[PDB]
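Below, in structure tokens: the form solved without the DNA, a single chain.
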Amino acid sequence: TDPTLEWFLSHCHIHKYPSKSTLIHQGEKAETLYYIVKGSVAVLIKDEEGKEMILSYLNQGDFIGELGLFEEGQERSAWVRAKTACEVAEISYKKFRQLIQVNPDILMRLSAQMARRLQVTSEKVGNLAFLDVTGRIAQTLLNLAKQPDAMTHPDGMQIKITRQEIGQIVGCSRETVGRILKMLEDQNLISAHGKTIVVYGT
């Protein structure tokens, strides 16, 4: 029971989007804010040759499309598509500004999230500039393992993720992920049960 959220949501018309539908479309004009009441989404940017990179996964309790909130003429800086089906609250930027004068804690929450995103996206920059593709993949496994949805295992931390996705995160061919995962195993660093990696603590 959160009085602030409930108060916030009561100003938003909620919507359900089926899995795989694009909630935000890059390049569109920014003039609306979003909040995930139910679901999970991927934020991602395309390459010149159509290759998609996943900047971030966002879940229930995350704001979406906030980056154009503090100025107009802004465009959505990325794509957001429903990973699973989502229940998503919506409110105009303007209407959201008013709420901020009543209770700016709803902005603290928003910004807190912006704060985290910036920290993580910065690590990516580091990884992308400091690590070969093997190390990038190692750090992406260690990263999904740090996470909440990462089940404990007698070896290390069990995660669940396709090779395609691992590719989209680190920035390479799924075929390449396959070969590199196999190598990481032969080095006693992980297991591979199809779409189930056990990241050893090593």
Second form
Number of protein chains: 2
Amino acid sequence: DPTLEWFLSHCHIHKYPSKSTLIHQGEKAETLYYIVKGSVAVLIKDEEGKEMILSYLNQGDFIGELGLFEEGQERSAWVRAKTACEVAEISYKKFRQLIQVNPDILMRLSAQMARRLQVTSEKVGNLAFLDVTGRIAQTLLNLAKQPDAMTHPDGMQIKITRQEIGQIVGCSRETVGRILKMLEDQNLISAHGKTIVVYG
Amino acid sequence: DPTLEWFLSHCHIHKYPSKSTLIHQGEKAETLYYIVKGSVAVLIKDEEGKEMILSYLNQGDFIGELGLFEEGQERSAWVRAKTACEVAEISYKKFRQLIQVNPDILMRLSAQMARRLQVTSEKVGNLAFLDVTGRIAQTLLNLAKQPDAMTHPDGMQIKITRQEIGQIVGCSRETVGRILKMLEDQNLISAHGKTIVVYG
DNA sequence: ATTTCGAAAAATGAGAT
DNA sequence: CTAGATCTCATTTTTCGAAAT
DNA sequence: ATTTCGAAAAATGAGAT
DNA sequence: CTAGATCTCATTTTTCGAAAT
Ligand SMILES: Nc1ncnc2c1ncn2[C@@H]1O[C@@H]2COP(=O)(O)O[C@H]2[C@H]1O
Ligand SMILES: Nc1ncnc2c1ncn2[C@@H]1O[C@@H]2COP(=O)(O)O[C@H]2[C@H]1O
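Show the form solved in complex with the DNA, please, because up to now only the form solved without the DNA has appeared in this conversation.
Whole complex next, starting from this chain.
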């Protein structure tokens, strides 16, 4: 499209190898990122180092957008590379300028912020309203919504570990394992290792 | 300041009494809200009617924006008045106009969004990494800092039910009652009825 | 506005499970 | 194993409308 | 350099508390 | 109550960098 080609123009693209950290919590922020290629995982930790995945951000998604509206803001989370990422970087000071001339670019940003809020909100609900099974069924549907989600005649096909699912719903790897089978025993999903198939 | 009075100048003011419903989750968004005076409660329900309090919004806070970025969108949650409010309402299409005769108004709304995401994200953390005592402990401290709290000789004072408190930390009223008594045993607060004093 | 007075509606705890 | 969830009524606390200050 | 392969590692399955 | 967390061990799957092609 128009504007987005112009934006990237003034961005300083960089490379990040999968599993490398792109953003640190507590970090002072002055940089707005943009994922041109690759995918990351937005995540937070408890005082024990334990970690929860807040979301996954793929291509065309903005990163570290939060510290852009107030002075002295710190990164609210970590943002790790899941695959090899190709991300465009630009300072807050500069980005704010790209808006002056064409506020259509902030409209793209705001729209994405809006969406995240809906999902993060829906997430808080699941957390209080559903049990691990409910939370797991839900997260499975969400994983089938991801771009790196392949296809299967039985439905959609994803690749992820019981370990990782637990960091998403906030339960144990055991609990996930117990429940995963329980779902397979009702032909709703086809589990076999690090691969899950959601019959849909 | 200008940007706002010029904003209101194009809005249609409405008044709602305490406890009335301003937004019904599920309905089609086509309107925007700005709380000129008073305060509201953002909340979600489950099929069984259980209610969860995502947030409290107050004077100067925008409402009903999540739908403003994409076509065919539904209100994400219910919004019910806490106190009597005087709200400014404007259409999406009428707002899309203003944003292009001064995008400074968009920047300002995006700013409130960014903040709600930090906050909602933090809520995700709490639910996962904290025991009910901790979350409740956390809530009182916050509520104690809400614009509608009352100064107290020994601290800040608030009026809220155990019921409601459980709708913010996600747990039953029974548990909020029990934990409440222990926080008093520890001379951390004094709870008489719905009035709770949070010792400075 | 708000302090009062009598319902009527809400919100609680107790302790068993 | 164990934080908490639930379920039940008998009991408080509040809320709400009308009335006066 | 890119591809094939057999340990260490990471991820799980089980069963008791 | 009772959904899930923890712990311990023993087995499977993956991850990966040495070696190979
Ligand atoms: N709930 C969320 N959903 C998606 N992305 C998020 C969420 N919370 C934080 N982030 C991203 O993680 C980044 C962490 O640093 P910033 O606060 O600068 O910007 C944040 C967002 O870009
Ligand atoms: N997590 C949240 N925090 C604060 N406000 C919210 C949250 N989720 C939804 N809202 C508000 O509630 C509104 C529900 O309908 P909309 O989606 O139009 O817009 C939403 C926001 O104005």
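If you superpose the two forms and keep the largest set of C-alpha atoms that fall within 1.5 Å, you have the rigid core. Residue numbers count along the first chain shown, from 1.
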Let me spell it out: fit the two forms on their rigid core, measure each listed C-alpha, and pick the one of 69, 54, 157, 177 that moves 2 Å or more between these two forms. Which is it? 157
After fitting the core, residue 137 CA displacement of 2 Å or more between these two forms: no
After fitting the core, residue 23 CA displacement of 2 Å or more between these two forms: no
